[PDB]
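Q: Residues per chain are reported as follows:
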Amino acid sequence: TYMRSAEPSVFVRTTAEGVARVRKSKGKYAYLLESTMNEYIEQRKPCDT
Amino acid sequence: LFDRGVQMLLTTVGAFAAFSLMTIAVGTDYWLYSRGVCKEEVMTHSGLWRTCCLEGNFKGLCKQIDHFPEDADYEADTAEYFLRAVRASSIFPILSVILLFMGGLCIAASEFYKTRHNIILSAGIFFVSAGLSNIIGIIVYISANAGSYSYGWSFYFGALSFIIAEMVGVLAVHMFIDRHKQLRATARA
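If you read the protein sequences in the order shown, they are chains B and E. Each number in the authors' numbering corresponds to the 1-based position in the first sequence with 671 added. According to the authors' numbering, the second sequence holds residues 3 to 41, 55 to 162, 173 to 214 in order.
I should point out that these hints are in silico values taken from the structure, not numbers from a laboratory. A virtual CB, placed ideally from N, CA and C, is assigned to each residue, including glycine. All clues given are correct.
A few chain B residues that face chain E, going by a derived Cβ cut-off under 10 angstroms, partial list only:
(1) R692
(2) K695
(3) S696
(4) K697
(5) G698
(6) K699
Work out the full structure, taking the sequences as your base and the hints as a guide.
A: Put into structure tokens, the structure is as follows:
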């Protein structure tokens, strides 16, 4: 009910774009995604996630 | 410290020197030698309003400082935005400049209608407040910068302006005390 009633829209186009916007928010945005993909991105440069 | 004419001329020339130094510091882009982009990363000398590119490919590109950058600036808190706005406006160095100008105006006007003695006190207050504003401006500028580098000659020009302004304010307060002591002595006799 927060996600539906949120402006601007929090939903992303593609997982890559969501990860990029997570890197471009400086802790102001969180991405809810599959754990395996999350760990894989966490194990890549620049390791800021 | 002695006599009146030498004190008057010394205070006036000190006020003029402080005003000139502060005006140069505000108006000259030599405050911070540092690495950055002047339009890749290269040496650049920055001031209060613009950073001009030093020994770069396109030398002499005096570009305006990105006081409020775009492209996901990540916003800032009320205090951080206030500090950024103060740095961008340079309100405190300009306040120091105008207070030095007002102190010089009071000192010059003290020649006319020498009976009024509160004018020298007002000039001293103006000089002390200008020094305080210079201190605040230096502090906020350094804090904004920290958010290898060196300081150019305009930063030290502003520091010397603050020191000279405080010295001139002390001299003006001493002149006020001397005038009031002379009035008391001539009233007692």
